[PDB]
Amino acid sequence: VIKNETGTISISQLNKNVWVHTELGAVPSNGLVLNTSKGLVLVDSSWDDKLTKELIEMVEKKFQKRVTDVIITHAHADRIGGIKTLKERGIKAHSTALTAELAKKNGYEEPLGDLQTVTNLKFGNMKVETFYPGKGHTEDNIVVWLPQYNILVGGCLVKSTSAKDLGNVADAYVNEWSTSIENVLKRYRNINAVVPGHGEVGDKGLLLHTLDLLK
């Protein structure tokens, strides 16, 4: 549970090799910091470059290793915003082809577009699975699964126990969103914890909570 001084960044621990990163904008977004024997892996970066830089520098210093990869969960500014920083420092920015094309169309530098519907990644000792469940918060939103701990990073497809709204539904697919959440529940039937795009960590109850919000 290491927070910065002023800047708006904090890092909470869950496992011996998994932490949560939260950054303020008017809404505090979440992400993941995975400590592996080959380097640090992030599930999402931050709102912009300035925040993304501070974030990388904070964890590299703490864990004594380099951030080598980042997985972008969708193309919105809050997730793709620090792409320039990632690209110039040589950090691999993974994403689906869809997320990659949406970032470009919106004027952002593009991530790798290497991820499929189900992609199995392995970082030294760590194993990470990416999964596209269908449209919801956006047309491209994906979730991240850590099998070794049964942890799920839901991104903005999943709302926390504090969200009484669906948020910005401008690029959302409110109809398929319920089916997409069901795809996640069907694929991962035993979840230990769930990390929402915004809000506090939870469990399977976050998905059911999102389903109710979609009614």
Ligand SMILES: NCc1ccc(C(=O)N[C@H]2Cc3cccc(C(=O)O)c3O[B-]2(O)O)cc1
Contents of the next structure:
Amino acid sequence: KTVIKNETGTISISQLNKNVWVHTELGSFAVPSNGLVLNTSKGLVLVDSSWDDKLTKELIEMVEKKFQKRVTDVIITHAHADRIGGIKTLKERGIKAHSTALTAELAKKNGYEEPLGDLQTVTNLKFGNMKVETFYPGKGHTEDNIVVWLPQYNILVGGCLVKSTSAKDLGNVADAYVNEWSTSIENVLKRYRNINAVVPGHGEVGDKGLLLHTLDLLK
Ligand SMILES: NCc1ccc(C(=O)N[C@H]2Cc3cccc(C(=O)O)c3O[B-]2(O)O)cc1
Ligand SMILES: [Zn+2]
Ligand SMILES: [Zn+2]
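Alongside the form solved without this ligand that was just displayed, please also present the structure of the form solved in complex with this ligand.
Once more the chain from above appears, this time first in line as the rest of the complex follows.
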């Protein structure tokens, strides 16, 4: 798979297909974090920003240069820093920051600028030719965590709800609901029965197996 790094190695993008890339940044907490870059005919769309504004700026600038179009939209998958840390950069550049109402409320509570709160339990978006579904499966990693589905590729962005193979514990559970997290995972497995790739919030891209791994970690 084609991989491209910033001048520092702190930012990397890896191609999943012609129009879909994973973006990965190193923040301190040293912790890598994943999101998605969608190359569409109407502009770039990101799933999740990054740890802070410095990295988010760098990310945007890298993909805008490479793909020769603007970042127009970002989907924020919950209100923690690795997801929403760059929200100030998005707002001041006129980049639309989509989220559930709950994610927006929690962002505000925690002193972040507010994303749009436009996403429902199920929301279907289209950016040029690129179809994007957002789904709130229930509480897990956080009370507000959502997943993102690309039905044209059967690619699932699990976010921090979904642990990577390298993860040997549930990680940061300060704001988690460990009794509901299994049901929420099961809700994802029920909705998306045929998955080609699953992108975890941290770690290597996997498949449906990452969902099953997460269930085992919850026992
Ligand atoms: N409510 C206090 C609080 C604020 C922010 C964070 C936070 O930014 N957590 C992120 C960074 C991180 C650091 C280490 C592991 C994970 C993980 O996904 O498990 C991980 O993902 B989080 O979204 O929880 C946690 C608690
Ligand atoms: Zn989190
Ligand atoms: Zn996380």
